[PDB]
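Chains B, C, D, E, F, G, H and I: place on chain A using the hints.
Single-letter residue listing:
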Amino acid sequence: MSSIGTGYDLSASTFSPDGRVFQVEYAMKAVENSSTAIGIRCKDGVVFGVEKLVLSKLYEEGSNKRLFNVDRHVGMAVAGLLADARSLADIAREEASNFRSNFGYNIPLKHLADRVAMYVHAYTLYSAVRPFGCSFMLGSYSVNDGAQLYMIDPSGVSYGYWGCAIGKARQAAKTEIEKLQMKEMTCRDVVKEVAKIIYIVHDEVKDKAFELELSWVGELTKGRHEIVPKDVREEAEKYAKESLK
Amino acid sequence: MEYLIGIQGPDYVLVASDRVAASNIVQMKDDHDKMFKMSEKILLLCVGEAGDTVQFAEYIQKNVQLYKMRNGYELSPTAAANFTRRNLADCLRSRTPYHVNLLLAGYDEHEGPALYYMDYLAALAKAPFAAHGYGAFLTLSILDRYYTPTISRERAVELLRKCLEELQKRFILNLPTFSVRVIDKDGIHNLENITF
Amino acid sequence: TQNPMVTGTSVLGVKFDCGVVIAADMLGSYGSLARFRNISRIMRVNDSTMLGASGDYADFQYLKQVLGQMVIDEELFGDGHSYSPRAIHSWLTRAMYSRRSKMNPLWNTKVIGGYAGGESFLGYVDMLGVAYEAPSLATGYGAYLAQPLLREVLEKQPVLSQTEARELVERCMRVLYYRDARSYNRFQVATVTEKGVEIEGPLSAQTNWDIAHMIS
Amino acid sequence: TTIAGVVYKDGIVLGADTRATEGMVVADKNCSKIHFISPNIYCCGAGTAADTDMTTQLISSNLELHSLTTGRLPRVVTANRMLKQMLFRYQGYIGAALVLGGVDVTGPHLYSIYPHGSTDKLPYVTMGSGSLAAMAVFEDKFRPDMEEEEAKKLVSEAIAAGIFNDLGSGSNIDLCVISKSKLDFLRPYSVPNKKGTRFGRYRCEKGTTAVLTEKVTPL
Amino acid sequence: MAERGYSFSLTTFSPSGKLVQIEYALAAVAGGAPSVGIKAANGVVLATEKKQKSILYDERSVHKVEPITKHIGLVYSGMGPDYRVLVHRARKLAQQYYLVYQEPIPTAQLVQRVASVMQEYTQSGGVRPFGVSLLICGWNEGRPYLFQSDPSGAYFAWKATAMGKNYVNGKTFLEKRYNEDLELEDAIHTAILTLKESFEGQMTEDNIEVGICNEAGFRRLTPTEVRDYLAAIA
Amino acid sequence: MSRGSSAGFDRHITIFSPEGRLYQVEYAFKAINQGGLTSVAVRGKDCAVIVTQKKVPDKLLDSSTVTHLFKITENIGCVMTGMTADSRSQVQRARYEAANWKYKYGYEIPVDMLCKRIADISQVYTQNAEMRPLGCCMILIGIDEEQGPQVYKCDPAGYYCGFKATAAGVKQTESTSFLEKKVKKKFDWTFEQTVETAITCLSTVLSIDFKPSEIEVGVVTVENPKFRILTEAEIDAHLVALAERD
Amino acid sequence: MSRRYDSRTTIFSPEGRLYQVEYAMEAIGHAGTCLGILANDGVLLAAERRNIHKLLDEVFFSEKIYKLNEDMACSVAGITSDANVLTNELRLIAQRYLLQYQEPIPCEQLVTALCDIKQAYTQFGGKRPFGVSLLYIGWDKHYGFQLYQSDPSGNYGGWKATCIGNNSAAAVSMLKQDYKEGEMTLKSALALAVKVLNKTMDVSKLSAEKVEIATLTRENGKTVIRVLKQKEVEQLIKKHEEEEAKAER
Amino acid sequence: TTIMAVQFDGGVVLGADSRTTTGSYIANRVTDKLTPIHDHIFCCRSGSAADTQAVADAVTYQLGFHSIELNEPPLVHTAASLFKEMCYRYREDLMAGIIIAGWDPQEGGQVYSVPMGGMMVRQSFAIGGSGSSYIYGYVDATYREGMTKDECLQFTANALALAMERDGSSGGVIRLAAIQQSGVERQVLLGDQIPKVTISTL
Amino acid sequence: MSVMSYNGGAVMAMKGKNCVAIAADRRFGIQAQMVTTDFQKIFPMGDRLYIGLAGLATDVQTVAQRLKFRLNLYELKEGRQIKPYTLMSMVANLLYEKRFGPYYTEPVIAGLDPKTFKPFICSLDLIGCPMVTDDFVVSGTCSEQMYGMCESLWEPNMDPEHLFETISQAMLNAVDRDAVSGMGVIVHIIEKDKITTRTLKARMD
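Here the protein sequences come in this chain order: A, B, C, D, E, F, G, H and I. Going by full-length UniProt numbering, the first sequence runs without a break in its numbering and finishes at 245. Going by full-length UniProt numbering, the second sequence runs without a break in its numbering and finishes at 196. Going by full-length UniProt numbering, the third sequence runs without a break in its numbering and finishes at 260. Going by full-length UniProt numbering, the fourth sequence runs without a break in its numbering and finishes at 262. Going by full-length UniProt numbering, the fifth sequence runs without a break in its numbering and finishes at 234. Going by full-length UniProt numbering, the sixth sequence runs without a break in its numbering and finishes at 246. Going by full-length UniProt numbering, the seventh sequence runs without a break in its numbering and finishes at 249. Going by full-length UniProt numbering, the eighth sequence runs without a break in its numbering and finishes at 235. Going by full-length UniProt numbering, the ninth sequence runs without a break in its numbering and finishes at 205.
Please note: incorrect hints may appear among the correct ones.
To be verified - Pairs of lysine-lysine, DSBU-like flavour, derived with a Cα cap of 30 Å:
| hint | chain 1 | residue 1 | chain 2 | residue 2 |
| --- | --- | --- | --- | --- |
| 1 | A | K238 | A | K183 |
| 2 | A | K206 | A | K52 |
| 3 | F | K211 | F | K171 |
| 4 | B | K68 | G | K222 |
| 5 | E | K92 | I | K115 |
| 6 | I | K194 | I | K115 |
| 7 | G | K231 | I | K83 |
| 8 | B | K41 | G | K187 |
| 9 | A | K208 | A | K238 |
| 10 | I | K83 | G | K222 |
| 11 | G | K160 | G | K54 |
| 12 | G | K229 | I | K77 |
| 13 | A | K29 | F | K30 |
| 14 | I | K118 | G | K222 |
| 15 | D | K237 | D | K184 |
| 16 | G | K238 | I | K77 |
| 17 | G | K210 | G | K239 |
| 18 | C | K108 | F | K104 |
| 19 | A | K29 | A | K52 |
| 20 | D | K225 | E | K92 |
| 21 | A | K196 | A | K57 |
| 22 | I | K77 | G | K210 |
| 23 | F | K59 | A | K52 |
| 24 | B | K62 | I | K68 |
| 25 | A | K206 | A | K241 |
| 26 | G | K187 | I | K77 |
| 27 | G | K222 | D | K258 |
| 28 | I | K77 | G | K160 |
| 29 | D | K223 | E | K92 |
For the record, the hints were derived by calculation from the structure and aren't laboratory data.
Chain A with its partners taken away, still in its complex shape:
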């Protein structure tokens, strides 16, 4: 066994003989229970595409909270346990709030990701609070270093990506992103591209029935994180449907 499900997770003050505590490995499993969130980076912004799992059609906007607004240039698309999803949103956001007051300028993503990553690992250390167990992405367009996309997993590892997907179909999705181009092209061409990857990856042993939500954070929306318009969403989706078939 590379993990024990009772023994060495009785407290969050543990380590394990390999070097990594089992609670963190379980926290990657928590993200597997939910659907996929993809986010592909341009040089004019980031575009997210998350599939949102639905049980009813009485759902309206601000339901499930797959897209959060961390700042007025920082966007977040999430995947995994929605419960956990709210605290990670707070952690990134509070860091952003102090930053904005004091520094007085747009946040460079290179600093935010490491800074947040410290905090995500910091819950894991403590046994005052349990590790996190949702995974998120930060995608930003700024003049501070351009468009940049990071992914921070519940362990507290931060890495650069032009294309990251976190889910239960993250491995299958990431390979799929690498075959397509989106690296140098505008957010307007890209939106169409984020949608199709979600449909092609979309399996019936890793995901369930979904309504598409996509999001901007780039030059078209003038920095700020907004959800794509319904009209635009439906053209990006219309390509996504065609591309599967």
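Chains B, C, D, E, F, G, H and I alone, transformed into the frame defined by chain A:
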């Protein structure tokens, strides 16, 4: 002027103490019939003299504190100790926005150091000596004790000295003869002496 | 009743509210006492994609407020996907801050005018140095409130809201009058309009001159 | 009063002061150091209030000994200086300590001036106290920018000596503290141009002319 | 239940009456580098095995005989983190002492104060003791001092003792060879021999550091100076 | 089994195991092998050089954005080795410690002091009952303006030891052994030499040899008053030189 | 019980009765005997130091008997590591008393101040119980020379002869037996102190390396407390020694 | 007192600072080095009263030192300029002085911020502040044409800075000119034993 | 000694070096401005009654400080062999007065004591808060420093005989009192040995 009149004459063992009742606010005597002489115990009596607020507030607190010490040791608080103890208390309190300064007299008989009577100044200067007064009266009361006795003459003649000092209280300062609270404090406890 | 001796002042912030837009003119000049150090100066800021803020009086007290309103706005938009903040909560919470700082007797006044729509309603709010919030037909704060606002009031008195053309003639009339009557300022104005996309208002440019009463 | 000046050589600092520490113009002490000794390679010159000057130097003396010992490398002037700066700004100023910080550091040698709240800069001649200006003049005469150790020594002696003749508060003996790359020379009486607590004769009382009436000997 | 919970804790008492924890801490120091300290009574020597082997160690600002203050040095064994905090606090306390008296602290008052601090971790629960045994050297008042402070937070007076790898054998050699009052130079020679018992793999061109404390003061010595003593007696 | 013993409190709350070393601390070293980042740092007289795998698994990642070289002072730099979760948390912590110090001392930090200070902070994490020690190693590079280039390495628990040459990683023992021969037969250093020696020893131990967009080499040279990342342009030049060198 | 519900002092006993204290009492017995005898011009303390080893630096003569105050001294029986925090604490309390009262501090007052800290550690704060019994020796003018015994738990009693350490049961009865009242002098209580210390202890020889002896003696109405140095200690041992020697074969 | 000025190029900037601090009639310090640095891509120039200006700049050292660490190698001017202005408004009573912060940010390559003693930042072609600069106030803007190239900023600045201190009653003593670009800052020295002062009046 | 406020004490201090001892001579007055209630009040105090600190300003902080200095003294003596040096004592009082930065206290410390480790009589005064002054001749100090200081320079060489020094200091203070109004009643002298403190009480007014 410092504060209204007090006259205190230590005998040589006994100490006979008097303060006016007249606790006056605005231009009337509010109280005119109560002792602001406090029984902190039976073996020790403390008599606090000063302003209206600092007298009642500092001593009532001290009293409850005296009792607590008694339980702990299971012997009466030591007299020598009480003399230094009152000096630390009045210096600490003195900075407070509501002003605390006491012209105090500790009288106790202890089975330790012995008898103590304490002269204590308005500059929070502790001294044992025999003959004390309260107010700008401290100068007026200490002075008649230096000449007329060697401060070892009977309590009865001391009372006659006190009557003469009280006549000054009518002349130099404002207080009327009407009421003074008089107590003699010895080893047994306090004895109520006649009002003037 | 108060007014601290201001060092770095923006003298005037003009404001008239219309049907879905607001037209604001904001003084280009930044007087630092008598010397006019900087003209280029736009005092209207972009908080978010459907809000704007324009203030007159001390500019320092303004720069402290713009970041603070930035962190309050950043907390509120997180909750939605594109939710934007209404004018009234941010302006009223800031009102309570200025009422407290007024009581502290060494302080400097600023008076701001917020335009937002975050409700089902377009809100025009003010936080003042004295503090209060109200609606207004046409507004001006600080030095505008003292002298042009009364000219505006005169107009407002039989005709509740003016037309577009008439507001332009007044603007033109107004800049003359401020340079002539108040000191620190200049004629130079920036025209700033806020709409549902953000605030747009390019750099302050010179406009009509007349410090002549030789002709009068 | 309290009049310290220091001047700068490549090694680091030659500190000069007159002796006699004064309460106004009246002596508390007729002959004692005004230039103060911090650990080794770090020295402190003093001006303004004497008392305030002593506690500021002494606090740095502890922090410097600390930084040098943990690192196991030199002492830094900027280090004491900044550590002082942050405490006194929080306090809201009460300094009356003009200190001339001087240390030999890992890279360049670094010389500093501490006013009440500090200034973080590198001077090249510093003088502290109310007589700061009066100290600068001899240096302005006999020192051009960057000299040798021997020359530097003479400028320290010379700045103390012009103050001695002309001032009445410039009084007494010249004390020099040469602190260089790694050594500390405390040459007490570099030049005594006046003798410390002079006496030619004295007049003392004759057997017991003094008031008494009780005596005891506690152990 | 069993003995496991009760005995280990320092949030509550060992049922043995003495704490099984401090004993654990000594084992840590056993797994550490070998360290000897001997008060000659002409000076004090602290010597330790320092891993160079090719000169893989900076000896220009980091050492194993390290000054706390002017005339006090320490040499150590066991856990490395525990010690680093212990050094920095110890120097801090020393500097407070130098500031006030204007004399660098003597070993005998310092160990007692240092012991108060180490006791707090041996009292506090969730907090483990410091797992370093310190050899403190000093020369103050005209007299050399050597003290041993163990992980429990206690201080013991010794003229010569051994720590680190095979301490039992070190203490036996020290009693045997050592005599009251000796010369500081002869004293280094037996200290290098004390190390040599349980060195492990033996000394290269220099794979020891020695520091001396004497009349002029505590100084760690340079790799060359150190090498001269090692030729005399390995 | 494994090091330490489960019995009693030593993973519920941090109280020593029989070994006298915390249960978590001995486990803490194992955490480097989890990481897969194998580093060797070599010290010149003109620069301090660190060479590490940058760990870019695919060019889908951006090679620039992915990093493990951090700028933790004004020209002191470091590299992270070991479990990545531990590594970012240590970096950010080191950075706070770094800024405070720079102000106080008032000048740029010695490499030795910075490593010593992080080593004190990591003991804190060890000691506290909620927390657990860091599983990572920070290898600091920098040129002290007295002594010269210094390469330090801190261990997971917060052990500190001096180093003039160091290696850390999975294959820690092997990397330090290749570098040990090179330290003994010490070459005279220049920008190019020091860099060539660091890469060559790391490439023998692994026996693959690096790509010019998969390693990150970080230097603090005398010519830069900044901490500088070599990037793909510089590394490619040293890499073709290696094959030919010997 | 069948299992303790202790393993912390932030959790408590399965009976609500604290086992840890009984193990602490056993801990004094593990450590060497501490005894106090009363005199009619002083009080003296005799304690067995941790160090028996020949190699002693001997800068300290106080390593279990610490002089706290200008009126009082205390001794340790138990773990040495525990005294160091306690001894510095006792110094603070002892001078604290003087500041307000400025009286020759009574032994009953100092002990009650300390007992407050020991009872809290056992109740909460997650701190392990103490394992030292401390003997406080002092003079007040209101009852005389006094000796008090403090326990790990916070349990106190005034004695005039008491012993703990190296089987407590035997030792207190024996110390009492040989003690006489109103027949005493400082030299003879000291000679006797070594004799009783010898019997409770396994050694039939005893030296100043093994033992450390303190006097508290009142001179010219003020209490001078010293812990004695080794040559002075030896002289009290040799006085006893002739008698001990006759017992032996 | 001193004079500080910052002049714009086409996307570079040229700074000017002078040395002197006066205590009323007697000059306490003139020795003073009031051109420090803070970073290799951001610099600030000090002037005003030496005690007060130093504390604010120094609180800014410590906050500013955190901002370089967080980020990728080259520091942002925009982060640093905010702390300094905010310091002068809060602590207006305690700390007063006017810092001239100039270099490159991480978003462009030409930013001039002034955190004043009255507080307010704007970027412009030329602004001067601190002591005698007030006097040459209209004068920095006219004398050099807005956004002119490097060599022309160097002639205009060096002559004009000699003339600012001359005219300044509390001016005097070496004019230090700095032209800053990218990672490399160059400073030149116009002495105080050489006039280059512009036509002095009767 | 962290004492403060020179009115409501009745303090004047002088220390002179004898030749086998250092003696410190003081008034023993009590005042509130000049209004009193007793002949004697103690201002020089014995911190072990062989090394003394004489604190001058208020009586309250004189006693309190004494006992807190006694807390340091005992630990130092317990920790390392043989009772504290005068050099150590003199700087320890300097450190206590020093800690107060923000709106600093003005005490006038007089430290008087022999070096206990190895003989070295030393007497010291400090100005204001503290700046160190070592004196060996005779020195007078107070906020009315001037009265003692004129006389202090006048009688000694740098070491007149202990008996002679005693009589001269006591007298300098008896004649001062007619010059001042902070002094009435009693002059207290402490000659400080290493096993006796000779105390003389001068006449009462």
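Hint by hint, here is what the structure shows:
{"no.": "1", "hint": "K238/A with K183/A", "verdict": "holds (22 Å)"}
{"no.": "2", "hint": "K206/A with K52/A", "verdict": "holds (13 Å)"}
{"no.": "3", "hint": "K211/F with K171/F", "verdict": "holds (19 Å)"}
{"no.": "4", "hint": "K68/B with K222/G", "verdict": "holds (28 Å)"}
{"no.": "5", "hint": "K92/E with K115/I", "verdict": "holds (27 Å)"}
{"no.": "6", "hint": "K194/I with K115/I", "verdict": "holds (9 Å)"}
{"no.": "7", "hint": "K231/G with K83/I", "verdict": "holds (19 Å)"}
{"no.": "8", "hint": "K41/B with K187/G", "verdict": "violated (43 Å)"}
{"no.": "9", "hint": "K208/A with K238/A", "verdict": "holds (19 Å)"}
{"no.": "10", "hint": "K83/I with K222/G", "verdict": "holds (19 Å)"}
{"no.": "11", "hint": "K160/G with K54/G", "verdict": "violated (34 Å)"}
{"no.": "12", "hint": "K229/G with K77/I", "verdict": "holds (14 Å)"}
{"no.": "13", "hint": "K29/A with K30/F", "verdict": "holds (23 Å)"}
{"no.": "14", "hint": "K118/I with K222/G", "verdict": "holds (26 Å)"}
{"no.": "15", "hint": "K237/D with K184/D", "verdict": "holds (24 Å)"}
{"no.": "16", "hint": "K238/G with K77/I", "verdict": "holds (29 Å)"}
{"no.": "17", "hint": "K210/G with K239/G", "verdict": "holds (16 Å)"}
{"no.": "18", "hint": "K108/C with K104/F", "verdict": "holds (28 Å)"}
{"no.": "19", "hint": "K29/A with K52/A", "verdict": "holds (18 Å)"}
{"no.": "20", "hint": "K225/D with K92/E", "verdict": "holds (23 Å)"}
{"no.": "21", "hint": "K196/A with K57/A", "verdict": "holds (23 Å)"}
{"no.": "22", "hint": "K77/I with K210/G", "verdict": "holds (23 Å)"}
{"no.": "23", "hint": "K59/F with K52/A", "verdict": "holds (29 Å)"}
{"no.": "24", "hint": "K62/B with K68/I", "verdict": "holds (25 Å)"}
{"no.": "25", "hint": "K206/A with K241/A", "verdict": "holds (19 Å)"}
{"no.": "26", "hint": "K187/G with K77/I", "verdict": "holds (26 Å)"}
{"no.": "27", "hint": "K222/G with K258/D", "verdict": "holds (20 Å)"}
{"no.": "28", "hint": "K77/I with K160/G", "verdict": "holds (29 Å)"}
{"no.": "29", "hint": "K223/D with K92/E", "verdict": "holds (26 Å)"}
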